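Novice: Hey, can you work out the whole structure from these sequences and the hints?
Protein chains: 2
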Amino acid sequence: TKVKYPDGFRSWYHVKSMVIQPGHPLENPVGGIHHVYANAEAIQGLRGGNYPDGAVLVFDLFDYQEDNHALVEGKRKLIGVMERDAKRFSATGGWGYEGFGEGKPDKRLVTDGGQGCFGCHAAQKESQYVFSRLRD
Amino acid sequence: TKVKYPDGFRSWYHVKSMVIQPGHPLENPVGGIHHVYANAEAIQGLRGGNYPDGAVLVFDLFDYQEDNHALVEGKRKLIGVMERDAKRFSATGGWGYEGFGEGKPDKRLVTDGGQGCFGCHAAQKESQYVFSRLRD
Ligand code: HEC
Ligand code: HEC
Ligand SMILES: [Zn+2]
Ligand SMILES: [Zn+2]
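Top to bottom, those sequences are chains B and A.
So the mapping is simple: the entry's author numbering equals the position in the first sequence, first residue as 1, plus 2.
So the mapping is simple: the entry's author numbering equals the position in the second sequence, first residue as 1, plus 2.
Calculated directly from the structure, the hints in this document are not laboratory data.
One or more hints might be untrue.
Note that the list lumps identical chains together, so a pair holds whenever it fits in one copy or between two copies.
Below, a list of computed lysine-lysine pairs in the DSSO-like style, where the Cα atoms sit at most 27 Å apart [as the list claims (entries may be wrong)]:
(1) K77 with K18
(2) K127 with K4
(3) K18 with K106
(4) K106 with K127
(5) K89 with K79
(6) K127 with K18
(7) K106 with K77
Specialist: Shown next, in the form of C-alpha cells:
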C-alpha cells in the first residue's frame with residue numbers, strides 16, 4: 003500500500019503548467035514552476051471518464067531563477083504522485099498520495115498515509131479529487 | 003515548401019518550459035509561458051543523435067494571468083514550428099520555420115520563407131539550429 007515510483011513519467015502527456023511565486027500560501031513546499039503529467043489511464047479521467055485503476059498523475063516541481071524578468075527552470079525540487087487504486091487506496095478516496103524529493107525513488111515525502119494530501123484534494127470530490135483540467 | 007501544421011503536438015514529449023515577463027528584451031513578441039514539444043524524430047536529435055527528416059519542434063506560447071503569487075496559463079497566443087527537411091528547407095539550414103496565430107492551422111504568420119527565424123537560430127549552428135536542451 004505504497005505508491006509506486008512513476009518510472010518514465012517525463013514521456014507522458016503534459017496536462018498543464020503553473021508558476022507558484024514566493025508569498026503564495028503554498029510556497030512551502032510547492033513554490034516554483036510545476037508541470038502536470040498524466041499516463042494514458044489518467045487521460046481517460048481528465049477527458050470526463052471514470053479514472054481507472056492504474057491512472058497516475060504527476061506534479062513535477064522545478065525551482066526557477068529570475069534572470070532579467072525571464073523565469074528559467076533550475077533543478078527539480080520534488081514530484082507529487084497520485085496513483086489510482088479504488089480498493090488499495092480506499093482510505094484516501096481511491097487515490098494513493100506520495101512525494102519523491104528531487105523526483106528520486108528513494109526520497110519518499112509522505113509520512114501520514116496521505117491524509118493531509120487527501121484533506122485538500124477532497125474539495126474536488128466532484129472531479130474525482132483532481133484539480134488540473136485538460137486544456138488544448 | 004510549406005511547414006505542415008503539427009497535428010497532435012499536444013500529445014508529444016514536453017522538452018522544457020520558460021516564462022518571458024514584461025521587461026525581458028523578448029516580451030514582444032514571445033512574452034508569456036512557453037512549452038517546447040518534440041516528436042519522436044526530434045527526440046533523436048535532442049538526445050545528441052542527428053535530426054531525421056520529419057523531426058518537428060513546437061514552441062507553444064500562452065498568455066498568463068497574475069493570480070495571488072501564481073502565474074496561471076491563459077489563452078494560447080501562437081505556436082512556432084520547426085520541421086526538418088534537409089533538401090526542401092536547405093535555404094534555412096534544413097529546418098522549415100512557420101508560426102500559427104493562436105495555434106490555428108489557418109493563421110500562418112511567416113512571410114519571408116523563414117529567413118528572419120533562421121537569422122536568430124543560425125547562432126545555434128553547432129546544435130543543429132535548436133536552442134532547447136533536453137533536461138530530466
Ligand atoms: C491544498 C492545500 C493541497 C494540498 C495539501 C495538496 N495539494 Fe495536490 N494540488 C493542489 C492543487 C490546487 C493542485 C492543482 C495544481 C495546478 O496546476 O492546477 C494540486 C495538484 C496535484 C497533482 C496534479 C493532479 C491534480 O489534482 O491536478 C498531484 C499529483 C498532487 N497535487 C499531489 C499532491 C500530494 C502528493 C499531496 C500531499 C503530499 C498534495 N498534492 C497536497 C492542492 C493541494
Ligand atoms: C532570436 C531573436 C529568435 C528568433 C528571431 C526566433 N527564435 Fe525561435 N527560439 C529562440 C530562443 C531563444 C528559443 C529557445 C526558448 C527556450 O525556452 O529555450 C527558441 C526556440 C524555438 C523553438 C523550439 C526549438 C528550439 O530551437 O529550442 C521553435 C520551434 C522556434 N523557436 C521557432 C521559431 C520560428 C518559427 C521563428 C520565426 C517566426 C523563430 N523561432 C524566431 C530565438 C529566436
Ligand atoms: Zn501577497
Ligand atoms: Zn520580474
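Novice: Run every hint past the structure and note whether it holds.
Specialist: Right, here's what the structure says about each hint:
1. For the homomeric pair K77 and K18, the shortest alpha-carbon distances inside one copy (19 Å) and between copies (12 Å) are both at most 27 Å.
2. For the identical chains of this complex, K127 and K4 are intra-copy neighbours only, at 22 Å inside a copy versus 47 Å across copies, given an alpha-carbon limit of 27 Å.
3. Taking CA atoms no more than 27 Å apart as the test, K18 paired with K106 passes in both settings, with 22 Å inside one copy and 19 Å between copies.
4. For a Cα distance limit of 27 Å, the shortest separation of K106 from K127 qualifies neither inside one copy, at 29 Å, nor across copies, at 35 Å.
5. In this assembly of identical chains, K89 and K79 lie within 27 Å of each other by CA distance neither inside one copy nor across copies; the values are 31 Å within and 43 Å between.
6. Within a single copy, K127 and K18 get their C-alpha atoms as close as 20 Å, which meets the 27 Å cut-off; across copies the closest is 31 Å, which misses it.
7. For a Cα distance limit of 27 Å, the shortest separation of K106 from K77 inside one copy, 12 Å, qualifies, whereas the shortest one across copies, 34 Å, does not.
Hint violations for this structure: numbers 4, 5, all remaining hints satisfied.
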